[PDB]
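A single chain, nothing else alongside it, follows as structure tokens in the form deposited in one PDB entry.
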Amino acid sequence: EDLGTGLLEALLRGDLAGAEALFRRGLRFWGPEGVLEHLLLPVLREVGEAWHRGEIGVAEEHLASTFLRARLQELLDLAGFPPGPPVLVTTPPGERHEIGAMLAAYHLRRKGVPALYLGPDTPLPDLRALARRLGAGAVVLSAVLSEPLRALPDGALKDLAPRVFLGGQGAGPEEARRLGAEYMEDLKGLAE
């Protein structure tokens, strides 16, 4: 069954219980890895398109995204967590597109990297506090809009953790240099 349209429609009409039944069916079909890329991400992108066509209000959108993000954490929670200093993954303050981040987190988790997906738009002061408190080995940011990066002062990301990586269609070597992070175009950041 195309659970995509089903999960989609169940989320657009607020049927959360029903959405969980469809997500669970998708999980049994492709397992975690697949349900993410095949069901979760696509439906999330859909939910986002809908709001970008006025065909959806804010409360409905955030309700859909809250569910999708929760299913993501359950998928991540499924497997153990590898040893090593945690890697915090989020998006820059002001950035609400998180699919890039979700993929980075998942890809890293699939390669044995202890990635902790924090969800999007985390305030620098908090991210820094959390990176320090946990002994995070690295911080990974996904930028889809350039403004959020262009809004930060020089070297704003330098102090976050031992290593800071930036990627996404709104990041580039230039903004990374300016901010104190390492730029990376493809997800093969697995090696670091």
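Residues that one form lacks are left out of the comparison. Under this definition, the rigid core comprises the largest set of C-alpha atoms superposing within 1.5 Å between the forms. Residue numbers count along the first chain shown, from 1. Compared with the form deposited in another entry:
After superposing the rigid core, the C-alpha of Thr66 moves by 2 Å or more between these two forms. In the core-superposed comparison between these two forms, the C-alpha atom of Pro162 has shifted by less than 2 angstroms. Between the two rigid parts, the smaller one rotates 24° against the larger between these two forms, as C-alpha superposition shows. Core-superposed difference between these two forms: segments of three or more residues with every CA shifted 2 Å or more are 1-81, 189-192.
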The other form holds:
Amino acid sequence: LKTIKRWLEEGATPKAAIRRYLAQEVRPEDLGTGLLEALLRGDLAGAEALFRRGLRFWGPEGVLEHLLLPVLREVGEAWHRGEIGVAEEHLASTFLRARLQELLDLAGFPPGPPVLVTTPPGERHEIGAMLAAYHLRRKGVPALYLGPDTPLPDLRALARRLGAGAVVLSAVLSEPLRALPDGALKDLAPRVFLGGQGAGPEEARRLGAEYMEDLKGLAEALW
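Complement to the form deposited in one PDB entry: the form deposited in another entry:
Since only the chain itself is given, any partners or molecules it might have are not part of what comes next.
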């Protein structure tokens, strides 16, 4: 309303002033909060609209790192502090996953020997794996995202049968990795990659997988 008065003082007409203020889009720095606030009140439309802005503004990889991830992290912290309930997190996570799934389907899927992407048994956090899949696809790697929580014998069978060149695992929790016997990941695929918040160099060496710090290097390692 202060801005509107400012525009009126500049010689603008009230009709023009009101229309301009309403037609005003949300500042990029505010996209994170806006997207979070939109989800918490069940405004899926506004949320989808806001994510789309960030996509155009930051780009595909950019909006994940600058919007999708920060919102999820804040959702996690708010829950741990007890500031939001589980249903709220569910709402945001399910949504943000749908967006990531769209981006994934829009990326190319090259032919040739696939790279199986998933999370270790007991890991139900799947978005980190989708990030891995998406970055690989964006770089021309036929990343086949299976979904999360795949038994090692079943994972090994698929990689053999499809002749997969590699397997990539995302560990958000460290407990499922620690619950695995030594060398559990060794013969999953010709190359085995382990990364994620719950992963580290020492634990990967124990399980017989190659540790990857960031997603950028994951692509270079494969190509």
